[PDB]
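After the structure tokens below, expect a handful of questions from me.
Incomplete set of chains, arranged as in the complex.
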Amino acid sequence: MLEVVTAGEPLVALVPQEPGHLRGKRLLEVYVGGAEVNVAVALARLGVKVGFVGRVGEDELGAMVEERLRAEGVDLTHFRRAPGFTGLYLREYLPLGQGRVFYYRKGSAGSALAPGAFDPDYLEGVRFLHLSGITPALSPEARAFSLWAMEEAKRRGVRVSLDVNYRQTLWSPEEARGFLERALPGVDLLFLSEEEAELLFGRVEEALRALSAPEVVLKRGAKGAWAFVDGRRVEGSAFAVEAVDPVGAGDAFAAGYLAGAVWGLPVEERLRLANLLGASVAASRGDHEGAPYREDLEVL
Amino acid sequence: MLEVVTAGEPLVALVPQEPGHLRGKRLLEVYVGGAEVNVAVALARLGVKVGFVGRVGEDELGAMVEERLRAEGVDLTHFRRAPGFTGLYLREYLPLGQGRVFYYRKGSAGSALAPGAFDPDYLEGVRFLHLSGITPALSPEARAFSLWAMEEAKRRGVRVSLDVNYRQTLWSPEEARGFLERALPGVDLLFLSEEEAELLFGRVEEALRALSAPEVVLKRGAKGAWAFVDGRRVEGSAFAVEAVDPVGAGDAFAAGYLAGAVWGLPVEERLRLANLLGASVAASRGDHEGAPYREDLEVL
Amino acid sequence: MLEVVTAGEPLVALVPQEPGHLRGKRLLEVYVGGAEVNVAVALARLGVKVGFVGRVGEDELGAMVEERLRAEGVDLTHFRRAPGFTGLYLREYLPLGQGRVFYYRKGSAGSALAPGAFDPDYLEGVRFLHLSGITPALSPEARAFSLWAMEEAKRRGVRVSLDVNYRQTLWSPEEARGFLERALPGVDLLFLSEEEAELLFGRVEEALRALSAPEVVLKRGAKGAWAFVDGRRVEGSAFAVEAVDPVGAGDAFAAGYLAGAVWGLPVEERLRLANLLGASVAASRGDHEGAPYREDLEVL
């Protein structure tokens, strides 16, 4: 019996070995990415029973994705390689921090996801259902799917977890607010970053009042992150580390909190766990390569 | 005063360090490809005054392409980085030789090429105009452009050189025949491989009769290649070498022939030069990394 | 419902990037090996329902093995990480071909295998049971297990497949003959190489007469391999390829044969399939990295 179920579009990340403009690189590292994918693996590595819903192309990259998910022990009952191609993107980290990403995923097999992409009875007995704001922003079908998904979850007593994850590349602030404004009602746990709230509601303050969900978690980068549960405002501090490749850390952060929730842990321990995973991934290259295993926590 | 002018869509090649299925690779080599791009560089390296017409995206890969073309001394008077993205592809070489290519170029800035993409007075005094069958196969605009291009060349007394380079991925044998049957009249030099003729005209025989251009060159892989000039059938033998990454060899072959023609060399020396370039690139990784320089010929 | 079930000791292979004495290497490639492990994966890749029986240590290498087997879709119902360590070895390929292997497996968790290591009802409805002569050579428990295993298979109507795979390191020619002379009766399909037969029965002739099993397959290296079925002697030719890392090729060969048998294919096609897998793995580094997938055969 699964505890958590996530869904979205898997992606392959192409990253240079060191900082510097892409144009000057001659070799690239291949990684398996995708917001929800990162969360899926992070959870699995911690022993949480998780399944991943999505599609990939019938190509080598799609296969690559499938192996990783399978190798990591993720439930792929409703995951499969379908006609089409698997999306990819190229990251670029500059000497002084400023990065830039180039996508090649439009019209991918994974961006198809529409209402009914999987059997609802899958969400039976499931603790949480996790989705990212990236999914609905991909297409009209994806947006519909997302809404549909969290509706069948609520109907089955499945808490809905959402990570805003606003992408300026996918949709405009209004389109994003338009969605949130519509989806918010079915959300139980909301993950939001400072910049996002700022970029969508002017200031972190308003955002919190507008997006008032049962449990909101405001990621403050290294400044830790706040947990707004029962009117209470718990604070959590990030782990002092040297940010290597900050990509995928927010997803890892989410996974740490969910695991904590799944295990019915105090808000203090849920935040602690979340910041731990976010730091590990942040201090490692790849999309989710730094994600720790249960055995690591046990030892720490 | 340019001698040769080529045009088409530039591409970035992602190739693994060694043979094996893509899905198992963790690092990939970045190369600048594109049929006519390979030809452009190969000719420049030999000291031939050549210009390249085309567009790339306003991204890092498009920039990368720009530098290589500029570094190699290709005239980019009508080349530029325009809005959009630069197409790329992923090659895969299997243990026993069978390869497989994955494209990510649909809707790229380079696939735009339409009639008038450049100033015709550019072709003034130019010896040859080189185009590949890949260009017209990309889009209705590109096909129109190609036709337009060789029309403005002919009217400027510029010989038209064409390398069939049939791609099953771009169009069907009939669509290809349909094009050739239409373009053939304006072609002065035609490059064709044995498989292509067989895949489009049943047998190498018919193809040669149907596609009877002033000068046809049939590439026979390692079996050399035949030159059909003045009813005469000159034969040329390939250089004994160990095929490393056969990609881009045909383009390199064409470039060697053209240089020979540009230099008014006998058919014997044109074929010799062509097979030399084809062998060099074949015996090296990347799309055109093996192309030799003038100084190499001088010494050899 | 499984079709094939194999068992033995999994191993991790440490191989240098290129030829040369080990003592001069500064970096080594990590691979998951083990005769029956190679066979298991090769079959899974071809779509054959296969399960793997064995143990590994509760360490990181044992975990690594577990993921690969799981990622590849092998049934690990009776496979698990138990106390102890996972065995490993170091290969060394010299400039002129002569290699040398260094083991670090004595007393490993995988060398434990004894009678009853798994539930016999696992072999219910299974087509074949595959074992290598390496297993019984490890310890008195392993030898007993092997005998026990093929006994429970025969009583379940499960054909027994064996690959002599004689290791001078594990036991003497007499000890090996002693085993075969004892096990032979329960064997249905026997895999044997020319050197082995010669090293154990003087000449390939005698060996074939002494080891007369229902179906014997004599691997002749590149000289193909002969299939002795119904008194008939079918011949098969190997695929012309450049041997990169010949390790694991024999295991891959067996897997190709079994798949052919499982699919009820003519001896012609069984040998064809077997030589195909052997060539692929031979032409690639690692213990079973070159094994092809079903989709590759379909296309070829």
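For the reader, a short list of remarks on this structure follows.
When the chains are written out, they are named A, B and C in that same order, and each has its own residue count from 1.
Keep this in mind: a residue touches a chain if its C-beta (ideal position, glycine included) is under 8 Å from a C-beta of that chain, and two chains touch if they have at least 3 such contacts.
Displayed in place are 3 chains, all sharing one sequence; the entire complex defined by the structure file totals 6 copies.
Definition applied: only the chains that are shown with their structure count from here on.
Taking the mean of the C-alpha atoms as each chain's centre, subunit B and subunit C sit 47 Å apart. Centre-to-centre, using mean CA coordinates, subunit A is 42 Å away from subunit C. With centres set at the average Cα position, the gap from subunit A to subunit B is 43 Å. The set of subunit B residues touching two or more other chains comprises 21, 24. Listing the residues of subunit A that touch subunit C in their complex gives 67-68, 70-73.
Across the complex, subunit B meets subunit C through its residues 18-21, 24, 95-96, 98.
Subunit B contributes residues 14, 21-30, 59-61, 63-64, 67, 85, 88, 90, 92, 100, 102, 104, 106-107 to its touches with subunit A in the complex.
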